[PDB]
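What follows is the residue order along each chain.
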Amino acid sequence: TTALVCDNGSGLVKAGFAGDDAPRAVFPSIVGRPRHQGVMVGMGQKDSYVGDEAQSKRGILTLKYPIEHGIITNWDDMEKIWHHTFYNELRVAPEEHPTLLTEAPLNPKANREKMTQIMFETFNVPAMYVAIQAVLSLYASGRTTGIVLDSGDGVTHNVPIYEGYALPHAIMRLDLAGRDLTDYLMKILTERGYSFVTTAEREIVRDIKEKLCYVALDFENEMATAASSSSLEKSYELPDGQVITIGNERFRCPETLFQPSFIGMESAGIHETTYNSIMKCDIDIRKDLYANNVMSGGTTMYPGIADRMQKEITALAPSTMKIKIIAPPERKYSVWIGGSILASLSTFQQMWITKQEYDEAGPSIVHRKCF
Amino acid sequence: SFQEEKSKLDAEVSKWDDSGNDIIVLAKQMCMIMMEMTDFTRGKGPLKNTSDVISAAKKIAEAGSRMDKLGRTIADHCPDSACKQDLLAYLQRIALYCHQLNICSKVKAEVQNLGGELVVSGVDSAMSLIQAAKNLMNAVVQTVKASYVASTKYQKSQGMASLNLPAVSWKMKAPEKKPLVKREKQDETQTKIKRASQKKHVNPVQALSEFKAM
Amino acid sequence: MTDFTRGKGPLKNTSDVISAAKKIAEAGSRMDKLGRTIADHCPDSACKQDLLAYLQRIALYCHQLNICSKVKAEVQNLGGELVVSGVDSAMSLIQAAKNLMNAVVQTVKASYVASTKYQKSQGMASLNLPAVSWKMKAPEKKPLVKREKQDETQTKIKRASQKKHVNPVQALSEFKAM
Amino acid sequence: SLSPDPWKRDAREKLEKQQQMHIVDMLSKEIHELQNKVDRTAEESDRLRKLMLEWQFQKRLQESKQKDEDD
Ligand SMILES: Nc1ncnc2c1ncn2[C@@H]1O[C@H](COP(=O)(O)OP(=O)(O)O)[C@@H](O)[C@H]1O
Ligand SMILES: [Mg+2]
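Residue numbers (PDB author numbering), protein chains in the order written: chain B, 5 to 375; chain F, 690 to 903; chain H, 726 to 903; chain G, 1508 to 1578.
Next comes chain B alone, as it looks inside the complex:
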């Protein structure tokens, strides 16, 4: 019947039914365990909280992320999350629903082989398939030619596609995403006297970033206007009632995307990473790649990130040509939407990984078919 479409990322987990238009379950990808002594009898039996319920009890838990930098590092906790979304979130039996998974490019091969093994052996699905996140962003955009800049919580990568043909030699992957911006913000905030060291307090800082941070069109000019006046100050209220104030740190945190040397990385900014990827393609398709520049992921949701990218690209590309940036309002769910289009497609119903093929080939079947 309906085929499940699960998009598991570094920060969030998205799941739903293929053919729909929106996911049916969005919860954080964290697993927490108690760290305090239990004194009331019967209240300490629960030893692990997953998802939203773990987020509501941050005060007595130690939160951990099973996935970091797009690579699964704790396979025991990952099975906990997959069980949560199949029974407590979608309320379905996996035995009669083929599932579609996603994974970032330039990722270790052992990641998807062990992902497939769990699905067939543990949950016993009839079929499955693993796709590339950046490719699925083009399905949701109603296009077949363009360069996709996907920036999530753990990894940022670029994939150019022309007329449905990929160029693997032009794919650039940079390990710099929202989680690295959160860590930089905590260090930067200490200048004003605020300290957040607990893992539960990192969730507070993450929420501060999503509600007060923005990208400045010109960094050097904005810094001048920050010191002279106090018109860029805003206040945020902590859960216990304390009030903090943010000055120039609002635009300093997202600036490290274009100046990775703030964190100490030697790599180049995301603006000239895309330009290098375009210049590695054939000269004939560079015209259609400068236009049709698609952005996806939650990290690309800062105000003014689209306008800033266009200004930086235009200064590098030849002046004769035109540069366009595509930023849909729902770009935080673009990866999942493309997965729903692909899974429900009529012509796609012949390239699932049936359980029969897994029997005669093992986990290695995914490389020759899923790609």
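Keep in mind the hints are simulated off the structure, nothing from the lab.
Partial list, computed: chain B residues near chain H (C-beta under 7 Å): (1) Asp25; (2) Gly146; (3) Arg147; (4) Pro333; (5) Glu334; (6) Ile345; (7) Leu349; (8) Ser350; (9) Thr351.
In silico SDA-like pairs for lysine to any residue, Cα to Cα no more than 25 Å straight-line: (10) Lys747(F) with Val808(F); (11) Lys748(F) with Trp1562(G); (12) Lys113(B) with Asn128(B); (13) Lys883(F) with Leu236(B); (14) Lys215(B) with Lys889(F); (15) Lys1557(G) with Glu701(F); (16) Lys68(B) with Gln887(F); (17) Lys773(F) with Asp81(B); (18) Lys118(B) with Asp81(B); (19) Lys889(F) with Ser52(B); (20) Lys881(F) with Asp1578(G); (21) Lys118(B) with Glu99(B); (22) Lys84(B) with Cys767(F); (23) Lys733(F) with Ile1538(G); (24) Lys697(F) with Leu1555(G); (25) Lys113(B) with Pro172(B); (26) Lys215(B) with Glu253(B); (27) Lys50(B) with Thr841(F); (28) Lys901(F) with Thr762(F); (29) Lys862(F) with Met903(F); (30) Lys1536(G) with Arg1556(G); (31) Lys1572(G) with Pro735(F); (32) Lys1572(G) with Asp728(F); (33) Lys842(F) with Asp56(B); (34) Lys889(F) with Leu1568(G).
Not close to chain F: a few residues of chain G, all C-beta gaps over 12 Å, as computed: (35) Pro1511; (36) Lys1515; (37) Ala1518; (38) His1539; (39) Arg1547.
Even for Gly, the Cβ is constructed at its ideal location relative to N, Cα and C.
Given the coordinates of chain B, work out where chains F, H and G with the ligands should sit on it, guided by the hints.
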């Protein structure tokens, strides 16, 4: 075509004659009693004074004992897995809350009878019973969902027969679709202190309404 | 919907475009059924293989229009029209529409060629082949020499000639009834 | 038609919601009809009891759902 779909009523309305033999019906009755006790706070329900709250507390405690018995007898036959441990945890929680409700209700009744109504004239005395009741209701909702998941996971195993498992007589509706884009407002200029959005808690009426009967 | 960008057509706002997206996508499914019947009766050859290549593309473009239009509809309700106040969200559906039409033009010509080539062939009976209801125009004669103009003198940088993309109105206008 | 489309599913959901919103009116009418009959029969008490229970739970659910549209 309107006439033949009245079977939905007949199938649905026929679940209320079991007289405490099914998990979902007992949980629903629990929910009604707790809603009455909660609405007593605003003085807009059947409960008019403290003694009504004491009687409601005793009734919901007896219901909690029955629910604990049913949960234990449905959890014994399930083979050991990740689902069983949660069931046992919520059963222990239910036992604790039921005992607390019983003892606190008895103490409040004695205090009212001894010192008079003026001692418990303020409504602040009844908040303890209401808090215990809502904690018990949250535990009951959690254990009902866990029991349904456990029953639907291991319904083919031996010993599961002759049991009115909720996975047989009830079906769970699929969850609603999340909003694609967060609603935009004018709150940016209305208030000048951004605050973390308060996390919405599960109302026990809603989490039980999503069970459908055949 | 192409003229919607210039704002001189029957469509007036974004909601009109979404309604037009369903109509063209729904008509795509019937086109797939019509084309596939000819391919099944046609014996295996180069023409049949070309015919089935475009029918793969029709399914993808039609499915994209259905899902993408639904997404644009829900976003309109949640955030209001001011979210889609800019026309940028409109060209997402317009781009897929002209992508679909290019495949529709190609599969029409491929279907016609197989019909005329194998008109007498067994299996084509009791079918509405274009070979019995339409005729091709002879292609226009090519110019013997490209006439020079005086504008090239003003430009100091000689550029490559822009590729000429066929217009679907002109590609279908060459059909004539018997 | 070629592939499953969300519009048909949306129509199915809307029809199901309308059916659920009319079955409660039918239930209320049935309760009103059985309540106002002065005569009583043995095979009517259980029906009418289950009917008030179902209606009262439905009204409680509606009241809880209504508040969620406010702040
Ligand atoms: N509105 C926003 N502004 C800035 N950053 C955001 C916003 N929304 C989400 N983020 C950040 O981007 C990340 C989005 O995660 P998402 O793209 O949904 O899946 P993944 O976990 O695969 O990245 C979050 O970790 C969050 O820190
Ligand atoms: Mg992602």
